[PDB]
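Peer 1: Chain by chain, the residues:
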Amino acid sequence: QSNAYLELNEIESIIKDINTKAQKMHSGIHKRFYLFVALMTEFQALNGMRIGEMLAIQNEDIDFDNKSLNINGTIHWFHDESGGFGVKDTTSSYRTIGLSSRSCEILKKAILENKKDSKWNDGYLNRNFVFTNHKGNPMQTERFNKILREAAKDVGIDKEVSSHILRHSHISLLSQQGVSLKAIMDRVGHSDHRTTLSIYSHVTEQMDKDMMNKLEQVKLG
Amino acid sequence: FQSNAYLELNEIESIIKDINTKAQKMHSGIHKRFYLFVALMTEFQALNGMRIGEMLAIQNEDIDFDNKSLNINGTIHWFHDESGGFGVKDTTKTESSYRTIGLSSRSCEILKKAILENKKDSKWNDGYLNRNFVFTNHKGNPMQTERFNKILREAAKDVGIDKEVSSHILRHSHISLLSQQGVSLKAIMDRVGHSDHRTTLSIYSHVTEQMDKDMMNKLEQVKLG
Ligand SMILES: [Cl-]
Ligand SMILES: [Cl-]
Ligand SMILES: [Cl-]
Ligand SMILES: [Cl-]
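Chain order of the listed sequences is A and B.
Residues -3 to 87, 91 to 220 (the authors' numbering) make up the first sequence, in order.
Sequential numbering of the second sequence, starting at -4, is according to the authors' numbering.
Only chain A is shown next, with the shape it has when bound in the complex:
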């Protein structure tokens, strides 16, 4: 839609709820799921990629020195020869975007958890994915979304929620910060431009309506 996004503070509150669930948990498997969904929720709100793209991120795709991420495939959901579930497709939404410092922490945290489980948990088959379940597979979309809805509801948000709304939220954020439609698309990808353009329009129209309000603040004498 046109109003199909969340406010930063709504998302913050979602992430805090999920982290809270993560902390009460005893099962390490459940803890990892909730921990990671919290990371993924923030990451997507802060970077705007599709969920399929975020699930496909691998260690080599990140460049922490230059604070950039190379987005170059999505998940195909079938088993590879090793039993691993979910395989990366390399096969033109391909792009390189910039990572904030926060986004880098998020990635480092994911990778740290992954090094540890790789090393200590026999069931964790490292295939170099970053956002993984306890088996080292890219987390399944349906699972991420389920946890996200449940949190959103628990937190009293009324809107329907899913990974899409997070991507939309990032587009809404870039709009509010005065980024141009073209720059937003370089970052978020040229796919589904109708939706992107629809959000851009809605937001920039609110900003225009706020014009006299902002000018009210300006006194020079």
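There may be inaccurate statements among the hints.
30 Å max Cα-Cα, derived BS3-like pairs, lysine-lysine [to be verified]:
id, chain 1, residue 1, chain 2, residue 2
1, B, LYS218, A, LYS63
2, B, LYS84, A, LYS218
3, A, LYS208, B, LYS88
4, B, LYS152, A, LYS208
5, A, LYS20, A, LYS181
6, B, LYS218, A, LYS108
7, B, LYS20, B, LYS84
8, A, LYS12, B, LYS218
9, B, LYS20, B, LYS152
10, B, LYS145, B, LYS107
11, A, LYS218, B, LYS208
12, A, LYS108, A, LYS20
13, B, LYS134, A, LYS208
14, B, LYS145, B, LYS20
15, A, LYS27, A, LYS134
16, B, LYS108, A, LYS84
17, B, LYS27, B, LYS181
18, B, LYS218, A, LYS208
19, A, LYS63, A, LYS181
Just so you know, these hints were derived from the structure itself, not from any lab.
Got chain A sorted already, so can you dock chain B with the ligands onto it with the hints?
Peer 2: Leaving out everything else, chain B with the ligands in the frame of chain A:
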């Protein structure tokens, strides 16, 4: 098109302050009046973005203080009317940039100040020919643009601005401000009119290009856990 192409808010603020400071030091009531009015005009154009000719053509009846709006319906033509008033308001339709714009409280304040001063003069000063203009000299005429520019220039010099200045830069400054506030080009255009749109366009593009470059810098402030 450049940073020399408009003024920062604080540069405008210094200019106004310098102009008012000069006004306070003056003996001649006529000179003090010019300076006081140049200062009001400088702020008003910076806050509103009209061309100087349109600002000079503002009359009491064009202002709607209750709805905080201004009706921009004419510009000044520099010739004498049949009573000897210099500068006449032209409202011809074809040179149409006519528009209604919103005024801020400060802009309203500014207008009320100028009008109050004109009322004093209209009542006491025999040589004030009252034609309802707001931004006037002591004869009741719309102030001449060169006398505004000359004072504006000296203010800029004295305050250390090393840009080329005239009324235009104030209009450009307003456009720059609305661009930094994330106002769409369509909205800017409705407020400031379509005249010299090549310039409006180039300012908007320059600023929006700056804002795009500042993207990562802005995002660095975003943290949600
Ligand atoms: Cl963290
Ligand atoms: Cl999963
Ligand atoms: Cl005042
Ligand atoms: Cl004059």
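Peer 1: None of the hints should be skipped; say for each whether it holds.
Peer 2: Status of each hint after checking the structure:
At roughly 16 Å between alpha-carbon atoms, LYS218(B) and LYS63(A) fall within 30 Å of each other, so this suggested pair holds. A distance of roughly 29 Å separates the Cα atoms of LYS84(B) and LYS218(A); the hinted pair therefore holds under the 30 Å criterion. Only pairs whose Cα atoms come within 30 Å are accepted, and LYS208(A) paired with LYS88(B) is accepted, the gap being roughly 28 Å. For the hint pairing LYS152(B) with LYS208(A), the CA-to-CA distance comes to about 37 Å; that exceeds 30 Å, so the pair is violated.
In summary, the hint linking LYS20(A) to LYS181(A) is not supported, as the alpha carbons are separated by about 44 Å, beyond the 30 Å threshold. At most 30 Å may separate the alpha-carbon atoms for a hinted pair to count; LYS218(B) and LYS108(A) meet this at roughly 15 Å. Straight-line distance between C-alpha atoms of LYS20(B) and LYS84(B) comes to about 33 Å, which puts the hinted pair past the 30 Å bound. A C-alpha spacing of about 12 Å is found between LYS12(A) and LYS218(B), which places the hinted pair at or below 30 Å, so the restraint holds.
Under the criterion of a C-alpha separation no larger than 30 Å, the hint pairing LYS20(B) with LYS152(B) is consistent with the structure, at around 18 Å. About 25 Å separates the Cα atoms of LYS145(B) and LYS107(B), which keeps this hinted pair within 30 Å; it holds. For the hint linking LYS218(A) to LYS208(B), the alpha-carbon distance of about 28 Å falls within 30 Å, and the restraint holds. Our distance criterion of 30 Å between C-alpha atoms is met by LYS108(A) and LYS20(A), whose separation comes to about 19 Å.
Distance check on the hinted pair: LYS134(B) and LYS208(A) sit about 40 Å apart at the alpha-carbon level, beyond 30 Å; violated. At roughly 18 Å between alpha-carbon atoms, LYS145(B) and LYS20(B) fall within 30 Å of each other, so this suggested pair holds. Distance restraint check for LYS27(A) and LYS134(A): the Cα-Cα separation of roughly 13 Å lies within the 30 Å cut-off, and the hinted pair is therefore satisfied. Distance hint between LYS108(B) and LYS84(A) is unfulfilled; the C-alpha atoms sit about 69 Å from each other, more than 30 Å.
At most 30 Å may separate the alpha-carbon atoms for a hinted pair to count; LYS27(B) and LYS181(B) exceed this at roughly 40 Å. Distance check on the hinted pair: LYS218(B) and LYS208(A) sit about 27 Å apart at the alpha-carbon level, within 30 Å; holds. Using a Cα cut-off of 30 Å, the hinted pair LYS63(A) and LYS181(A) holds, with the two alpha carbons roughly 21 Å apart.
Comparing the model with each numbered hint stated earlier shows that hints 4, 5, 7, 13, 16 and 17 do not hold.
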